[PDB]
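Visitor: Spelled out from the first residue to the last, the chains are:
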Amino acid sequence: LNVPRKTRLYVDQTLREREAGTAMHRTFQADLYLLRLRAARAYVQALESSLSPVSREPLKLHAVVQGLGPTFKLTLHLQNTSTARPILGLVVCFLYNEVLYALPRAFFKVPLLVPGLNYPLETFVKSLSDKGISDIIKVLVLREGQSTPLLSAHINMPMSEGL
Amino acid sequence: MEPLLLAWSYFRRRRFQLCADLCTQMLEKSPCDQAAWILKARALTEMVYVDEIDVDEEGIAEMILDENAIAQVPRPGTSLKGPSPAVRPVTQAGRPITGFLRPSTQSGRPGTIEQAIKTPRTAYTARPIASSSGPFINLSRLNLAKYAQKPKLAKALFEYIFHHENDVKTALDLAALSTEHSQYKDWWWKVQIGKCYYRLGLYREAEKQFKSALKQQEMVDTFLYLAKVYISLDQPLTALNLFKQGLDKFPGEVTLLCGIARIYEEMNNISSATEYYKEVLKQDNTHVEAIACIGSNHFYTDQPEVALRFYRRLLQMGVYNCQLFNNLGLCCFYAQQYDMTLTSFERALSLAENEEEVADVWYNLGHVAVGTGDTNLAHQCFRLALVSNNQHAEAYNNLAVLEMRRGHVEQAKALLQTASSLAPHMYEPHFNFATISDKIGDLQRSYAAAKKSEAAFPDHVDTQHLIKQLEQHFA
Amino acid sequence: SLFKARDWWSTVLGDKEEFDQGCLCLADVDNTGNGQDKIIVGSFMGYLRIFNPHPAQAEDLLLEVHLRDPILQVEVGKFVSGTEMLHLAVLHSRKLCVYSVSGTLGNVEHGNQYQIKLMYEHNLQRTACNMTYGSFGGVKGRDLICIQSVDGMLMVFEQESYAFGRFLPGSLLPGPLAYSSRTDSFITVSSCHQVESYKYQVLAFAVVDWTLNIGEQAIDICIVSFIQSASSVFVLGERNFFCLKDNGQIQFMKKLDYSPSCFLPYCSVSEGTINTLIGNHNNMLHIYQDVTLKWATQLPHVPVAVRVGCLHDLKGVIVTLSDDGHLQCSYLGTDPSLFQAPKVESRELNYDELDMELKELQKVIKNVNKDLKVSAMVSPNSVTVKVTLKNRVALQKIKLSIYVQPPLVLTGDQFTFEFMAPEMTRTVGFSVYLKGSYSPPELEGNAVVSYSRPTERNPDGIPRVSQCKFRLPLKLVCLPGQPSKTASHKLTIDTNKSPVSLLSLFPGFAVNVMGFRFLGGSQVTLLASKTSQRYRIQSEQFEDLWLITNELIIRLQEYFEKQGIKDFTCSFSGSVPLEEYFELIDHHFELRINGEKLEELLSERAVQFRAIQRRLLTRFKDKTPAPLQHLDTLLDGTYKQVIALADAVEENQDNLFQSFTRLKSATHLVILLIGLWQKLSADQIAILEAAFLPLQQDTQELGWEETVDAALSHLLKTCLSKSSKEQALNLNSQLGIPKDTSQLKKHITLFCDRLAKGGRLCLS
Amino acid sequence: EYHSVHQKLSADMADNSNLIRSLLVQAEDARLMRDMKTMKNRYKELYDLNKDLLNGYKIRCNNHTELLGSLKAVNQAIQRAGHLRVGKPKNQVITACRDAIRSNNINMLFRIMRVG
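Chains 1, 8, 9 and 2, in that order, give the protein sequences. According to the entry's author numbering, the first sequence holds residues 425 to 479, 483 to 590 in order. According to the entry's author numbering, the second sequence holds residues 1 to 81, 90 to 141, 158 to 499 in order. According to the entry's author numbering, the third sequence holds residues 2 to 56, 63 to 213, 234 to 397, 410 to 420, 439 to 567, 575 to 828 in order. According to the entry's author numbering, the fourth sequence holds residues 602 to 717 in order.
Derived from the structure by calculation, the hints contain no laboratory data. Hints are supplied without guarantee of correctness; some may be wrong.
[Said to hold, decoys possible] Output of the computed footprint for chain 1 on chain 9, the stretches with three or more beta carbons under 8 Å from beta carbons of chain 1:
no.	region
1	258-264
2	363-374
3	388-395
4	455-467
5	519-528
6	755-762
7	795-809
Note that the Cβ used here is the ideal one computed from N, Cα and C, for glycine as well.
The whole structure should be built from the sequences, with the hints applied where relevant.
Guide: Here it is as structure tokens:
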């Protein structure tokens with residue numbers, strides 16, 4: 425068989441574990457407690473800013492960028508993830524730096540999202556800076572009666588390769 | 001104290017701002033002084049200098065629109081164009105992930121311009137692919169025929185034009201006039217003309233100059249330059265013979281052994297790349313490249329303690345990264361050292377200068393958590409990996425696995441579809457989607473997914489049983 | 002501790018002073034004769050300091072004298088004409104000074120003083136750069152000094168006075184100078200990458236003994252001679268590391284991957300080899316056995332001019348001196364230390380506060396799993442709209458944009474506001490006007506503000522979005538025109554009231577039979593009733609009916625509200641059109657199919673162009689001449705084809721956009737007539753508006769047909785069907801461009817039918 | 602002089618060929634995103650670069666023909682100098698003549714073909 429081999433490192437490590445197992449157990453439990461703390465912290469901060477592209484109220488969105496050159500094709504793949512329930516009133520709003528990117532329609536309604544179909548909703552981003560400047564673009568999907576985004580996404584726009 | 005002396009001493013100590021500044025003064029004070037002139041030129045060209053050997057982007061045009069390999073379909077084992093994808097993560101259909109990203113890594117090549125465009129910009133290079141790979161002195165004002173007569177000025181001026189301004193044509197003009205002034209007897213001008221050619225596109229016209237420079241005086245530089253030229257013409261076995269010739273000249277050079285190992289890993293026969301990286305280690309023992317590569321290989325072939333040693337070595341040598349500490353965390357956890365595991369991930373999250381590095385650290389923390397149990401912590405870590413890098417397919421796949429563990433089948437289906445859309449070269453999202461589909465039915469989707477799984481990891485086992493069952497249901 | 006340079010007597014050496022090479026010297030300037038060396042450091046700030054370190064302490068610093076002019080390259084050699092005792096040389100930019108550190112003792116550790124006597128000096132005409140010292144020629148017991156100049160000249164002093172001075176042939180930036188005794192040669196590295204050795208007696212007679240073209244210019248050159256078996260000369264460049272023979276060729280070389288700053292080949296171990304140690308700019312020391320790394324250490328600072336010497340009974344202590352002012356004697360650290368978590372018992376995890384914070388965060392998590412006013416006002420008159446927004450809390454990064462419709466054009470789109478104090482109003486004003494021929498699908502427009510609330514977790518501000526919609530008037534797109542008696546098609550709206558004078562409903566257009581002409585030529589006729597109670601809308605274009613019908617119903621509602629009466633209908637009992645509506649759909653889809661064909665043809669044309677271009681590039685790269693074989697003509701033909709196809713695709717895109725706008729108007733009218741033809745409430749009307757009006761324009765991945773087809777198939781699947789066979793056979797939904805519009809039309813007719821029987825819409 | 606001119610033209614044409622490859626990629630991308638205006642712009646740029654490259658091609662071809670004629674003239678000169686001598690005194694000249702070209706000692710070269 426291909427049963428692996430173990431060197432001096434393994435027996436020294438097992439000897440350390442056999443002689444100092446209690447301290448390892450205690451410190452790993454402390455580290456796990458601190459990790460749960462920090463993960464809950466970051467999860468709550470994300471819920472606050474609503475920066476999760478995956479978040483009752485079922486949705487899933489991710490934005491793909493395609494193309495070099497001053498004009499990029501930005502396609503948002505959006506999807507309703509539910510057994511059988513459509514989502515009527517939703518709308519997408521883009522947040523960009525109006526001095527670097529020229530978005531024609533930075534806000535538009537989305538079609539009735541049928542559960543199970545990936546809707547590609549695309550736009551044409553265009554770099555305006557004569558010098559190569561890469562700035563982030565935010566996308567917020569939100570209801571039409573609410574003001575807090577249902578979910579969000581980020582895209583680091585690549586360099587322009589302009590003229 | 002004195003201007004020229006203090007500026008030159010700033011240059012010796014690699015300040016590169018103070019020297020240019022005192023020279024700018026010294027040039028405003030006197031319009032006729034060439035010492036400070038070329039000193040400021042040196043400072044300017046060395047603030048930005050990067051050696052041409054390890055700059056091999058190759059762009060997107062030179063990957064398809066440029067054909068230079070003689071043989072179109074050469075024997076498998078003589079062209080550039090281990091652990092299975094069930095253990096080692098992958099980047100393309102094959103090509104398992106490597107240690108020590110270098111800016112010369114090609115790591116596979118696209119087939120068509122459309123595929124190369126419609127993929128992530130950094131899926132074939134360490135940097136996003138391009139389309140093709158006041159002012160101190162205005163290049164259109166000086167007569168290169170007069171600076172060529174003075175080699176002391178000509179050498180620094182060529183280095184300035186080539187590495188600061190990136191004007192290959194004027195650089196080549198200057199280098200040609202200089203070489204004809206030296207009656208073709210100095211290997212340096214030959215090497216520089218060869219570099220001008222090599223980044224103009226003319227490989228054979230560059231190999232000529234590199235060979236003629238090797239005839240003058242053997243240097244590691246010219247050997248590595250010819251190695252680049254030969255690799256560009258898709259000739260590994262010529263580069264290996266040339267490297268062994270160089271090692272016959274320089275008996276224990278580390279760069280030559282490392283180039284041999286890089287070529288052996290591009291050809292993907294690790295059983296010799298490990299031997300040559302071990303030779304590099306026997307020579308250097310601080311080499312980040314060989315240490316990282318042997319460490320990764322030791323980790324993935326179920327020997328995480330030896331990899332932990334190899335990475336603790338880099339920790340001992342002052343290396344302080346986000347990658348190194350996440351690696352130390354993975355090794356410590358999988359080598360069963362639970363005391364130094366999570367503090368390494370914390371240092372990693374601290375050191376991460378990106379949003380993809382943070383996402384990878386959170387992904388690995390979710391792996392630690394799911395190895396501990398407590399699937400909720402891993403759920404949060406995968407969701408945070410998604411929050412930090414939206415195009416993180418492994419996080420999608422693992423979060424869908426945990427969702428289907430909970431019971432939410434539609435969430436898992438959508439997440440696996442997203443994963444398989446982001447990374448088609450991976451096999452796990454396709455296999456899982458096919459599995460869940462077959463569990464509920466929809467044998468058409470199961471077939472369309474299991475066939476893509478077999479396209480991604482063609483030597484899988486469960487994919488074969490799935491395909492057999494499906495093709496049996498179809499009759 | 003492994004691979005660190007563990008500390009010995011260490012110090013900081015001044016107030017932001019600056020040193021260089023040659024500064025750090027290490028010998029017996031005290032001439033004790035015991036072997037223990039003494040550190041000597043002189044900056045070009047002026048201070049010359051000499052130390053006798055002991056393993063911080065006060066009495067370590069022997070002396071800290073200050074000379075006026077700067078100090079370059081302190082050295083220790085037999086620089087006096089008479090005796091064989093070591094003297095200390097100080098080279099100022101334009102001065103040479105030999106000294107003598109004489110230390111007299113008192114009856115206490117700190118009662119001993121040290122006197123430096125000016126043995127002699129030398130005024131330097133040229134500006135000195137660096138120097139070397141050695142027994143030039145074959146003399147013994149003497150240490151002559153060869154100083155360089157910043158402008159090339161090298162001047163030699165025979166330990167007493169100005170012996171001579173010769174210019175270096177062809178040098179601009181002076182490099183490192185050294186003197187080899189086994190060959191009696193001055194070796195330098197000129198600016199033109201040439202390591203050059205000159206025989207001494209050759210320079211004394213003024234040429235080059237030999238040269239070697241290394242790849243760079245060298246930072247230092249250290250000829251070491253404690254081995255009389257095989258002599259060698261070390262040359263450290265700024266990118267490489269050479270060890271040359273005595274004839275002039277490379278004995279071996281290392282291609283360093285870092286940036287060296289200093290090196291020192293110290294005492295060797297094996298037979299023939301020479302141990303050396305080099306200092307990165309990455310704060311490390313490397314210890315090679317001539318090519319091969321034997322050890323490496325992390326230094327505290329960037330080493331400049333390292334030395335190795337026996338300091339207080341410990342041989343081989345490494346003395347480093349930075350250029351900022353640090354200095355440190357050190358010994359290698361050879362203690363592999365266990366990697367293990369500190370078994371600390373005093374420091375415990377404070378479970379109380381941590382559990383409080385975790386309970387708070389987990390409460391937020393498990394809870395979530397279960410500020411600005413905008414207003415728009417349109418002027419009564439290219440109508441000028443004014444939007445006023447007013448905040449309650451202080452807001453930041455406000456962006457206000459306006460979106461009307463494709464045909465209507467705004468004179469201003471985006472407005473950016475920065476931070477605003479609470480209770481501050483902001484007004485913007487823009488103008489909207491029709492630009493085109495076809496009338497917009499609806500006159501309503503939207504205006505959206507995206508702002509940020511700075512908070513405690515994210516002080517950068519949580520982003521929020523709020524919108525308001527204004528209603529534009531017919532006076533922007535229409536005009537009163539002549540009416541016609543008959544038109545291609547017409548519809549009716551029968552209210553349960555009296556026929557109202559069209560002058561009262563539409564006063565802007567001055575009988576009970578009105579006619580309208582939109583900017584674009586198209587005309588609509590509105591006929592009130594005389595006997596019946598129904599209003600008739602007629603035109604040739606089904607699109608034209610929509611705007612006038614919507615405005616008629618809205619004005620009827622408003623008027624009959626002003627009269628205070630509460631019961632009012634717009635029934636339209638009759639036949640939903642469904643046939644003049646399908647022709648617009650078919651026109652749209654024919655344009656879509658034509659566009660796909662044009663694009664798949666452009667693909668082939670582009671492939672041809674690329675192939676011919678690659679052929680031409682191959683002919684270009686080739687040296688030998690050859691006929692073009694009319695490849696350029698094929699390229700020109702293909703280029704003409706590509707341009708023609710590109711123009712065709714552009715025109716098809718414009719036609720498709722016009723057809724999409726007209727189809728939007730038509731489907732608006734159809735949803736209106738379905739919501740009237742049956743007593744549809746606001747919820748079902750909203751569902752229909754969501755299903756039938758999905759997109760603003762077409763894209764090469766999602767179009768109107770597939771989207772409305774999926775939406776209608778789903779609406780019939782979950783609400784209006786009870787047979788599973790049809791639910792799975794006909795009522796399926798996909799998002800790919802169809803090959804025919806028959807399924808969409810079948811589903812629309814079936815929707816109207818199953819609504820007629822009494823069906824009702826839902827969501828769940 | 603012909604050698605230098607050929608080298609200059611070769612470098613220039615290589616630069617223009619790299620430009621053309623990049624432009625082909627950019628045009629393909631524009632065509633794939635259905636941005637017809639920038640596609641037409643890329644093709645106009647390609648047309649102009651092709652015309653410049655064809656002009657340079659004509660120039661380089663004429664220069665290369667002249668250089669080949671000059672090389673054949675040099676070799677025929679060597680062969681006619683050696684041909685004038687019978688037996689071993691022939692071979693010598695040839696060797697010397699080549700050793701007089703690799704060193705550019707044109708006067709000594711002519712002395713070899715003058716007396717031998």
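Visitor: Next step is simple, just say for each hint if it's right about the structure.
Guide: Verification of the supplied hints:
For the region 258-264 of chain 9, the proposed coverage by chain 1 is not satisfied: 0 residues have a C-beta within less than 8 Å of a C-beta in that chain, short of the threshold of three. Here's how the region 363-374 of chain 9 fares: 4 of its residues keep a CB closer than 8 Å to some CB of chain 1, so the rule of at least three is met and the hint holds. Counting residues of the region 388-395 of chain 9 whose C-beta sits closer than 8 Å to any C-beta of chain 1 gives 5, which meets the bar of three, so the coverage hint holds. Here the region 455-467 of chain 9 counts 3 residues with a CB under 8 Å from a CB of chain 1, which clears the bar of 3, and the coverage holds.
Given a C-beta distance limit of less than 8 Å, the hint that chain 1 covers the region 519-528 of chain 9 holds, as 6 residues qualify and 3 suffice. Here's how the region 755-762 of chain 9 fares: 4 of its residues keep a CB closer than 8 Å to some CB of chain 1, so the rule of at least three is met and the hint holds. Interface restraint, the region 795-809 of chain 9 with chain 1: holds (3 residues with C-beta to C-beta distance below 8 Å; minimum three).
The structure fails to meet hint 1 from the earlier list, while all remaining hints are met.
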